[PDB]
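Given next, in C-alpha cells, is a single chain: the form solved without the ligand.
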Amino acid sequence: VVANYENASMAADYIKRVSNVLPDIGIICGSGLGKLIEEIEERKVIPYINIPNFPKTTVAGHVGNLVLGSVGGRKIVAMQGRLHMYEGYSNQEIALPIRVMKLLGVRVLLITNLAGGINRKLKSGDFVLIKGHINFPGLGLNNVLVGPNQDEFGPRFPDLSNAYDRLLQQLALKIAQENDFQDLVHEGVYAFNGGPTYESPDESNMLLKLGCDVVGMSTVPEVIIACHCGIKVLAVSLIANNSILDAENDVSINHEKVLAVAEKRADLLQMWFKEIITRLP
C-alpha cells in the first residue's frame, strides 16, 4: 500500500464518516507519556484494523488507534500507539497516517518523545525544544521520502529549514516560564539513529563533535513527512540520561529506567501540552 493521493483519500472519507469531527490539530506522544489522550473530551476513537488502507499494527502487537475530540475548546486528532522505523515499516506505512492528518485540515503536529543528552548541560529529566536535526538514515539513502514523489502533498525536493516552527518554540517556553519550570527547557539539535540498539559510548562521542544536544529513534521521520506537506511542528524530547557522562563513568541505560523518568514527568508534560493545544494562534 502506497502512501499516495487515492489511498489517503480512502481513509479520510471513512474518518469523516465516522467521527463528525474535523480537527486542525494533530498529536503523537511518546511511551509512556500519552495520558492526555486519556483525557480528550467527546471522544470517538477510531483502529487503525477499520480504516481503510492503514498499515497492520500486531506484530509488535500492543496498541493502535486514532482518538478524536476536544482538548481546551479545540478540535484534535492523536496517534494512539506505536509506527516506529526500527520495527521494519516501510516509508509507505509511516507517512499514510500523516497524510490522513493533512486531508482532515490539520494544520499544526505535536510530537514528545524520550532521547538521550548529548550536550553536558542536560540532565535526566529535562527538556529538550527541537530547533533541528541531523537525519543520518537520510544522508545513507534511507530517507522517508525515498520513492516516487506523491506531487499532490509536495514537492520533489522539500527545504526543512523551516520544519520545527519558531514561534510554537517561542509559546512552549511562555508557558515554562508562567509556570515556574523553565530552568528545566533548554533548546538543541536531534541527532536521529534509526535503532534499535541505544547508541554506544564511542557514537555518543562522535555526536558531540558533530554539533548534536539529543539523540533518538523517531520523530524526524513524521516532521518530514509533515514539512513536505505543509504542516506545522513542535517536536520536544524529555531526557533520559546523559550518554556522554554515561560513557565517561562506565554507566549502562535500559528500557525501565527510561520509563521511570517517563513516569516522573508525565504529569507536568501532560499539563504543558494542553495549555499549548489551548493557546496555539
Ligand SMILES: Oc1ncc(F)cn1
Second form
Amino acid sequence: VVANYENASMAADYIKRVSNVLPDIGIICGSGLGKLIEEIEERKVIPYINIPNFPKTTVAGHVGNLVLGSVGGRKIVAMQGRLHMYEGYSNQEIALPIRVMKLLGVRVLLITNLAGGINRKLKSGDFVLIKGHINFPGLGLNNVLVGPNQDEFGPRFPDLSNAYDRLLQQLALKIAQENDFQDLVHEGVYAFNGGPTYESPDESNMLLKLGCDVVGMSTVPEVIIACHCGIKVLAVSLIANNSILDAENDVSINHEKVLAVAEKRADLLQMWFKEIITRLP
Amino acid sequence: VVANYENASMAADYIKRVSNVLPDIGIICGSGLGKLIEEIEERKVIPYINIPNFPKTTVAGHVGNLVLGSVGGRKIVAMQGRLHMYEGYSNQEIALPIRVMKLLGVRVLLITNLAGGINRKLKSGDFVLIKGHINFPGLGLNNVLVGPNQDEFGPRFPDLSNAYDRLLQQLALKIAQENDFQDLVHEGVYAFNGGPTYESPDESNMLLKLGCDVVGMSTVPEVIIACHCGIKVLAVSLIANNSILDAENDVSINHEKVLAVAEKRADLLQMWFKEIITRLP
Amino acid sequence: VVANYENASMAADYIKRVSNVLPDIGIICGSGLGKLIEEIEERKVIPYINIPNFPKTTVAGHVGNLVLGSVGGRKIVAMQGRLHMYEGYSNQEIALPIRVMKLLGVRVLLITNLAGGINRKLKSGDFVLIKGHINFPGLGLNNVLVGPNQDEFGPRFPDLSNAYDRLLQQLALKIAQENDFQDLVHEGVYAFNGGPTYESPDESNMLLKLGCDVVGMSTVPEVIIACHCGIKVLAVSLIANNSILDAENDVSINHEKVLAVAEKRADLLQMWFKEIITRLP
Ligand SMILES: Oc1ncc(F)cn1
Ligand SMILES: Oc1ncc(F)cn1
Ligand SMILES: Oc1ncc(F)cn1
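Next block, the form solved in complex with the ligand, ref. the form solved without the ligand:
Now the full complex is given, and it begins with the chain already shown.
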C-alpha cells in the first residue's frame, strides 16, 4: 500500500463518515504520555484495523487507535499508538497516517517522545523543545522520503530549516514560565538513532562531539512527512537519563527506569499540552 | 534483474548493434548541466526503455537516454538522465548501466553534480574537484556493492584510495588556468547524504566538524561501481549554496535557487568538459 | 524464515540428534583464523545446508559448517564460515545461528575478526580487546534487531553497556601476560562499517575524530543478538593495517596484504584462544 493521494483519500473518506469532526490540530503522544487522549471530549475512537489502507499493526500488537474530539474548544485528531520504524514498517506505512491528517485538515502537529540526554547539563525529567535534528537514517539512504515523490503532497527535495516552528517553541516556553516550571525547559538538537538498542556508551560519546543535545528512536520520520506537506510542528522530548554520564560512570540504562520517568512527568505534560492546544493562534 | 555479466552483455550486444560506436570515455552529467550531450556529433540516441535489462524508470519519469557519438574527435557514451538512489532504485539497478559502459570499452568516466558547500571559503557557483568521499550509506549497510560479488567485474573488497584519479584532477585544473577561471576551482571531500531532504542546519554543522567540504545526493554510487571494475574517474561538484552560512544565519535552501546556479554556470562547464575530453591522454 | 523460537528449536532438535554434545561455549572465528576448529577433539561436522531453517549460503559459496566437540576438556560449538551482512543476508538470517547456539546451551561466545587500525599507536599485527562499539548501521535504521521483537529471546530495547564482558577481557590479558606477548594486546572501540569497500582515506580521518580505535565489517551484529538473549561475549580484532597512516601517506590497502597478516598471527591466536577456553570460570 503506497502512501499516495488516492489511498489516503480513501482512508479520510471513512474517518469523516464516522466521526463528524474536522480537526485543525494533530497530536502524536509518546510512550506512557498519552493520558491527555482520554480527556478528549465528545470522542470517536477508531481502531486502525477498521480504516481502509491504514497499515497492519497486528505483529507488534498493543493499542492502535485514531481518536477525534475537542480539547479546550479546539477540534483535534490523535494517534493513540505510534508506529516506530525499528518495528520494520516501511516508509509508506509511516507516511500514510500523517498524510491522512493533512487531508482531514490538520494545520499544526504536536509531538512528544522519550529521549536520552547527551548535553551535560540535561537531567532525568527535564524537557527539551526540539529546534533541529541530525537524521542518521536519512544520511544513510533510509530517509522516510526515499522512493517516488508523491507530488500532490509536496516537493521532491524539501527544505527542513523551519521544520520546527519557532513561534510554537516560544508559545510553549511562555506557558511554562506562567506556571513556574521554565527551569525544566531547554532547547536542543535531537539525534535520530534508528534503534531498537539503546545508544551505546561510545555512540553517546560520539554524539556529544557532534553537538547533539538528546537522542531517541522516533519523531524525525513524522516531522519530515509533515514538513513535506506543509504542516507546522512542535516536538518535545522528555529526558529519561543522561547517557553521557552513564558512559563516564559505567552505568546501565533500561526500559523500566525509562517508563518510571514518564510516569513522574505525565500529568505536568498533560496540562502543558492542554493549554498549548487552547492557545494556538 | 541482477547486474551480472550475462545481463550486462545482453544490453551491450543491443547497443553495439544500433550505434556502430565503440566508446573510450563515459560521461554522466548533473541536473541542468547536460547541454554538452546535445553537442555530440554523429549521434545515436537510445531510450533506456528500449535496451534489454536496463532498469525501468517510468515511475520517476523524465528523460532517460543513452547517447553515443564524437566529441573533439573522441568516441563517447553519455547517460542523459541519471538514476538517483533516493528514488528507490536498488543496488542492481544503479550498477548495470556502469557495467555496460565497461563492456562497451569505457576506460575513463567524467561526472558532474550539484552540491551544497560546507567548507567556509566555498561560495555559490564555485567548482570543487572531488579528491575523496565520506559514504554515509556505505558505513550504514546501504553500500551500492552490498549483495553477492560479481567476480567477473571486480574484487569482493575494493580499495577506494585512488578512486578519484590524480592525473585527471591535474588536467582539469590546468585547463581552467589556461582560461583564467582557476580562481573558481577548488579541491575537496564530498559527503554522500542519501536524501532526498536537503542537509538540515545541524547536519551541515556536523559535516563541518567531520572535515567535509561539500555534500550531495549522488555520484558516490557510480564512482564505487566504476572503481570496482577498473574505470578511472573525474568528478566535479558545482556549489549551489553555502549550507554552513545558511545555518548560522537561519536562511533557507530550495530547488529553484539551486537550478538557477546551474543555469549560470552551464556554458562554462560545457566548454571545460569539452576540452577535457579532447585532451585525455 | 524468521529467527523465532519455533524455527530455532527445529534446528536445535536436529543438531542434538546428530552430535550428542551439549556445548557451554560458542566460537566464531575470523577469516584465515579458524585453524583451532580443526584441533577440536571428538568432532561432528555439520554442513549448514543439512540443518533445518539454517540460512541458504550457496550464493556466496565457500565453507559453511557447524562443528561440535571438545577443547581443553570443555564442550563447544563453532561456526566454520561466518555470515557477513555485506553479502545481502537479512537480519533474520544472521540471528538464527546465534539463537540456536543459545538453545543448545551456549553461555559464553568468543569471537575474532580482522580490522583496520585508526588509533595512531596501533600497528599491523597488534590485537585489540573490544570494549565498546559505534554501530553506524544501527544508527542508520539497519540494526540487526530491526523488525518484530522475538520476546522469548530478549527485550524490545536492549542495553549494550556490558555487551563486552569485563572479566573475560581481564582473563584474556592475564593469559597474554603469562606468555610474554602482552605488548601486542590493546583495548579499543570498534566501528562497524557495513562494507564491502574498505574504509576510504577520508572515512578513516573521520573515525579518528570520533574516537574509534579500529574499524571492520563484522562482529557487531552477532554481539547484539548474543547480548539480547543473555550470552556473555569476548571479541578480539587482529589489526591488519593502520588506515590513518595510509591516508596521510597516500598508500593503498588490499585483501592480499590483509590475509598475510592473518597468516602471520594465526598460530599465536590459536594457542591464546585454546587456553582461554580451558580457563573460562
Ligand atoms: O532514556 C532514553 N530513552 C530513549 C532512548 F532512545 C534513549 N535513552
Ligand atoms: O545546494 C545544494 N545542492 C544539492 C544538495 F544536495 C545540497 N545543497
Ligand atoms: O586491514 C583491514 N581489515 C579489514 C577492514 F575492514 C579494514 N582494514
